[PDB]
Amino acid sequence: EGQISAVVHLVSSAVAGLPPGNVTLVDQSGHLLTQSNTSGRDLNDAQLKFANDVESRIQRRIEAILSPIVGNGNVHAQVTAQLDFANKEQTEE
Amino acid sequence: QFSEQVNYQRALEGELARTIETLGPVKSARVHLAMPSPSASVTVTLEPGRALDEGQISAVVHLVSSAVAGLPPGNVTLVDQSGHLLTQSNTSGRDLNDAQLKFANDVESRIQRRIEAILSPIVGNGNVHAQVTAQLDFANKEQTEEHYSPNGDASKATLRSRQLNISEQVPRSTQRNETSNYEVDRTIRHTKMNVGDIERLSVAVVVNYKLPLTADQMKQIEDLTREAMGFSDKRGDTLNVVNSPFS
Amino acid sequence: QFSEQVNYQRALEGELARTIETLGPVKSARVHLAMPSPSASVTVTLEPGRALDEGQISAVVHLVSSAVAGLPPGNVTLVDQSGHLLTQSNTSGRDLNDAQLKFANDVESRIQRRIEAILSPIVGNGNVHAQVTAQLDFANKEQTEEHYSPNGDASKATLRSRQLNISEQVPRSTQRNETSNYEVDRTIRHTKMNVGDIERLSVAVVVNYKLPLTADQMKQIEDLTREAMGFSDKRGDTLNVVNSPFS
Amino acid sequence: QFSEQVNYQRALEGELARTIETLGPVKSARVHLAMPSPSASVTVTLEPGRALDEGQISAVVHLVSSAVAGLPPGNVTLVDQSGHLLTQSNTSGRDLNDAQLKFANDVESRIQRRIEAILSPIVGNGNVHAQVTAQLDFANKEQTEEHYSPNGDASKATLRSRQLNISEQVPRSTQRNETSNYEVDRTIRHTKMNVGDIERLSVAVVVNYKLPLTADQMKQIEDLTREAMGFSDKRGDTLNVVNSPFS
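Protein chains in written order, with the UniProt record's numbering: chain L, 188 to 280; chain C, 125 to 160, 171 to 304, 355 to 394, 402 to 438; chain R, 125 to 160, 171 to 304, 355 to 394, 402 to 438; chain G, 125 to 160, 171 to 304, 355 to 394, 402 to 438.
For the record, the hints were derived by calculation from the structure and aren't laboratory data.
Each hint should be verified, as a subset may be incorrect.
Calculated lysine-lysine pairs in the DSS-like style (CA-CA distance at most 27 Å, straight line) [claimed, not checked]: (1) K236/R - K425/R; (2) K275/G - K376/R; (3) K236/R - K275/R; (4) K376/C - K275/C; (5) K236/G - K376/R; (6) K425/R - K290/G; (7) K376/R - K236/R; (8) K236/R - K290/C; (9) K236/C - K394/C; (10) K376/R - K425/R; (11) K376/G - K151/R; (12) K275/R - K376/G; (13) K275/R - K275/G; (14) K275/L - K290/R.
Distance windows between CB atoms, simulated [unchecked claim]: (15) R370/R - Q133/G: 48 to 58 Å; (16) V368/R - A291/C: 48 to 58 Å; (17) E276/C - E145/G: 52 to 62 Å.
A few chain L residues that face chain R, going by a derived Cβ cut-off under 10 Å, partial list only [stated by the list, open to error]: (18) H196; (19) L197; (20) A201; (21) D229; (22) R244; (23) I256; (24) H263.
Positions of the beta carbon are idealized from the N, C-alpha and C atoms, including for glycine.
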C-alpha cells in the first residue's frame with residue numbers, strides 16, 4: 188500500500204501541474220490500486236468502495252479456488268455486485 | 125473579557141497556520157476564524183509547482199473545521215496563491231448538483247475497467263475499448279406500504295368480540361343480529377430509497393481485428416461483457432459490441 | 125475562569141501529542157482540540183517511508199477520543215504529513231458498513247481452517263484447498279409472540295366466575361342464561377435475534393490427485416467436510432468437492 | 125476550583141502511570157484521563183519483546199477504571215508502542231458481534247480437546263484428529279408462562295362464594361339460579377434464557393491406521416466420541432468418524 192504512493196509522488200512532482208490525486212494505478216487484472224474519492228456527495232461513493240470490497244473478496248475467492256486446478260495465472264474473474272443500500276424497516280403483526 | 129477571547133483567537137489562528145505549513149507542499153498558510171454562526175477562510179500559498187488534490191482539499195478543510203468548535207466543513211474557504219477558489223462548498227448556486235457528475239464518472243469508470251479487465255486476456259492488452267454511460271437516480275424517495283391480510287373467509291378471520299343474537303318464532357318471523365369485531369394482520373414496510381442507483385446502462389465495446404473474429408468468439412465476448420456490466424433487462428440496459436480494425 | 129481553560133487546553137494538547145509522538149512511526153504530532171459539541175484534529179508526521187495501517191488509525195483515534203470528555207471517535211480528524219485525509223468517518227458514510235466484511239471474512243476463515251485441518255491428515259499437507267462463502271444476516275430483528283391455550287373444552291377451561299340461571303315452566357317455556365368468566369393460560373416470548381448469524385454456506389473443496404482418489408474415499412471426504420461446515424439442509428447449504436490434479 | 129481539579133488530575137495520572145510502569149513487561153506508560171461522562175486513554179510502552187495477554191489487558195483496564203470514580207472499563211483505550219489498538223472494545227462498528235467468534239472458538243476447542251483426550255489413549259498420541267463446529271444461539275430471549283389449573287370438575291374446584299337459589303312450584357315451574365366465584369391455581373414461570381447456548385454440534389473425527404481398525408473398535412470409538420460431545424438427537428447433533436491412513 189505504501190509502495191504505490193512512492194511512485195505516485197515520484198511522477199506527480201517530476202511533471203508540471205500534475206497533482207498526486209490524478210494518477211491512476213491499475214494492476215494486470217483490473218485492481219485499481221489507487222483509491223480516489225470526491226469532495227461532494229462522498230457519502231454516496233463510500234458505497235462504491237463498499238461494492239468494490241464485496242466484489243474484490245468474491246474475486247479473490249474464485250481466483251483462489253481455481254488457481255490450483257488450471258494454474259496460477261490461467262484464470263481471470265470479474266464480479267459485478269448490485270447492492271441494496273435502501274434503509275428498510277418492516278413491522279409484521 | 126473581549127480582549128481575552130480576541131487574544132485566544134488571535135493566537136489560535138497563528139498556531140493553526142503554522143500547523144498547516146508543516147504539511148508537505150504548503151509553503152505558508154493563513155487561517156482566519158470567525159466566532160461570535172461561525173466560519174473560516176484559509177489562504178494557502180502552495181509550493182512552486184504543485185497542486186493540492188481534490189480530496190487533499192478536504193484534508194485541510196476537516197483538520198480546521200474540526201479543530202474549532204461548531205464550524206462545519208462547508209463554511210471553510212480555501213484559496214490558492216493565484217485565485218483558484220478551491221472550495222466549491224462556497225458555490226452559492228448548487229455546490230451539489232454536479233458532485234453527481236463526478237459520481238457518475240466513478241460508476242462508469244469502474245464498469246469500464248471491469249470490461250477492459252475481463253476482455254484484455256482474450257483479445258489482447260490494447261485490442262479492446264469500452265465506454266459506459268450510466269443513468270443514475272438522484273431523486274430522494276421515501277415509501278410507506280401498509281398491507282392487511284384479508285379476513286373475508288371465516289376460517290381465517292380472527293375475532294376479538296362476537297355478539298350473535300338469533301331469534302326464531304314459528355308465519356316464521358326469524359331474526360339474526362350479528363356484531364363482529366376483528367383483529368387484522370398488518371404489515372408496515374417503510375423504505376427510504378438509495379440516492380445514486382443505476383436506472384439504465386448503455387455500453388459500447390470495440391474489439392480489434394486479428402481479420403474478423405469468428406461469430407462464436409464474438410458471441411462469447413458479448414456474453415462476458417453482459418456479465419461484466421451487470422446487464423439487466425429489467426433496467427432496460429443496452430449493449431453493443433462491434434468488431435472493427437483499429438488505426 | 126476563561127484564562128484557566130485556555131491554558132489548560134493549550135497544555136493538555138501538548139501532553140497528549142508528545143505521548144503519541146512516542147509511538148514508533150510518528151516523528152511529530154500536532155493535536156488541536158475544540159471544547160465549549172466537540173472535536174479534535176491530529177497532524178501526525180509519520181517516519182520517512184512508513185504508513186500506519188487502518189486498524190492503526192483506530193488506535194490513535196480512540197486514544198484521543200477517550201482522553202477527552204464527550205468527544206466521540208467520529209469527530210476526530212486524522213491527517214498525515216502529505217494530504218491524505220485518512221479519517222473518512224468525518225464524512226459520515228456508514229463506516230459501519232464494512233465491519234460486516236471483516237466479520238464475514240472471519241466466519242469464512244474459521245470454517246476454512248477447519249476444513250483444511252480435518253483433511254490435511256488424510257490427503258496431505260497441501261493437497262486440499264477450500265473456499266467458503268458465508269451469507270450472513272445482519273438485520274436487526276425483534277419478535278414478540280403471545281400464545282394462549284384454547285379453553286373451548288370444558289374439561290380444561292378455568293373459570294373465575296359463572297352465573298348459571300335455569301328456568302323451566304311446564355307448553356314448555358324453558359330458559360338457560362349462563363355468564364362465564366375465564367382465566368386463560370398465556371405464554372409471552374420476547375426474542376431479540378442475533379445480528380450476524382449464518383443464513384447460508386456454500387463451500388467448494390478441491391483435492392489433489394495421488402491418480403484419481405477412489406469414489407469411496409471421495410464420499411468420506413465429502414462427509415467430513417459436511418461435518419466441518421456445520422452443513423444444514425434447512426439453511427440450504429451447498430457443498431461441492433472435486434478431485435483434480437494440481438499444478 | 126478549576127485549577128484545583130487540573131493539578132489534582134495531573135498528579136493522579138502521573139501517580140497511577142508510575143505504578144503501572146512498575147509491572148514487569150512495561151517500560152513506560154502514559155495514561156490520559158477525561159474528567160469533567172468520562173473516559174481514559176493509557177499508552178503503555180511494553181518492554182522490548184513481550185506482550186500483555188488478553189486477560190492481562192483487563193488487569194490494566196480495571197487498574198485504571200476502578201482507581202477512578204465512575205470510569206467504566208469500556209472507555210479505556212490500550213495502545214501498544216506501534217499503533218496496535220489491543221482492546222477491540224474501542225473500535226466500535228460492532229465490537230460485540232465478533233466476541234461471538236472467539237466464544238464459539240472456545241466452546242469448540244474444549245469439545246475438541248475432550249475428544250482428543252479420550253481417544254489418544256486408545257489409538258495413539260497423534261493418530262486422531264477432531265474438528266468441532268458449534269452453532270450457538272446468541273438471541274436474547276425472555277419467556278413468561280402463566281398456567282392455570284382447570285376447575286371444571288366440581289370435586290377439585292375451589293369456591294370463594296356461591297349463591298344457589300332453587301325455586302320449585304308444583355304445571356311444574358322450577359327455577360335454579362347459581363352464582364359461583366372461584367379461586368384458581370396459578371403458576372407463573374419467568375425464564376430469561378441464556379445467551380450462548382449450543383444449538384447444534386457437528387463433529388468430524390479421523391483416526392489413523394495401524402491396517403483398518405476393526406468394526407468393533409470403530410463402533411466403540413464412535414460411542415466414546417458420542418459421549419465426549421454431549422451428543423443429543425434433540426439438538427440434531429451429527430457425528431462422523433472415518434478411519435483413514437495418515438500421511
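To see whether the hints hold, each was checked on the structure:
The straight-line distance between the Cα atoms of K236/R and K425/R is roughly 26 Å, inside the 27 Å bound, and the hint therefore holds. Among the hinted pairs, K275/G with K376/R is consistent with the structure: their alpha-carbon atoms are about 6 Å apart, no more than 27 Å. Distance hint between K236/R and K275/R is fulfilled; the C-alpha atoms sit about 21 Å from each other, no more than 27 Å. Only pairs whose Cα atoms come within 27 Å are accepted, and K376/C paired with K275/C is accepted, the gap being roughly 6 Å.
With a C-alpha separation of about 21 Å, the suggested pairing of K236/G with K376/R holds against the 27 Å cut-off. Distance restraint check for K425/R and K290/G: the Cα-Cα separation of roughly 46 Å exceeds the 27 Å cut-off, and the hinted pair is therefore not satisfied. A hinted pair counts as satisfied when its Cα atoms are at most 27 Å apart, and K376/R with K236/R qualifies at roughly 23 Å. This hinted pair does not check out: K236/R and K290/C have alpha carbons roughly 46 Å apart, beyond 27 Å.
Between the alpha carbons of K236/C and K394/C the distance comes to roughly 36 Å, so the proposed pair goes past 27 Å and is violated. For the suggested pair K376/R and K425/R, the alpha carbons sit about 21 Å apart, so the restraint of at most 27 Å is met. Restraint check for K376/G and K151/R: the C-alpha separation of about 53 Å exceeds 27 Å, so the hint is violated. The suggested pairing of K275/R with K376/G holds, with an alpha-carbon distance near 18 Å, which does not exceed 27 Å.
At roughly 12 Å between alpha-carbon atoms, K275/R and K275/G fall within 27 Å of each other, so this suggested pair holds. Annotation: proposed proximity of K275/L to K290/R is violated, straight-line Cα distance about 44 Å (limit 27 Å). For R370/R and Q133/G, the hinted distance range of 48 to 58 Å is satisfied, since their beta carbons lie about 55 Å from each other. The beta-carbon spacing between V368/R and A291/C, approximately 20 Å, falls outside the hinted interval of 48 to 58 Å.
About 57 Å separates the C-beta atoms of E276/C and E145/G, a value consistent with the hinted range of 52 to 62 Å. The interface hint given for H196/L is met, as the beta carbon of that residue sits about 7 Å from the closest beta carbon of chain R, less than 10 Å. Of the supplied interface hints, the one on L197/L is violated, with its beta-carbon coming no nearer than about 13 Å to a beta-carbon of chain R, more than 10 Å. With a cut of 10 Å, the hint placing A201/L at the interface with chain R is violated, because the nearest CB-to-CB distance is about 16 Å.
For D229/L, the shortest C-beta to C-beta distance to chain R is roughly 5 Å, which falls under 10 Å, so the interface hint holds. Restraint check, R244/L versus chain R: the minimum CB separation of about 7 Å is within 10 Å; hint holds. Nearest Cβ of chain R to the Cβ of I256/L: about 5 Å, under the 10 Å cut. The hint holds. Taking 10 Å as the C-beta cut-off, the interface hint given for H263/L is violated, the closest approach to chain R being about 16 Å.
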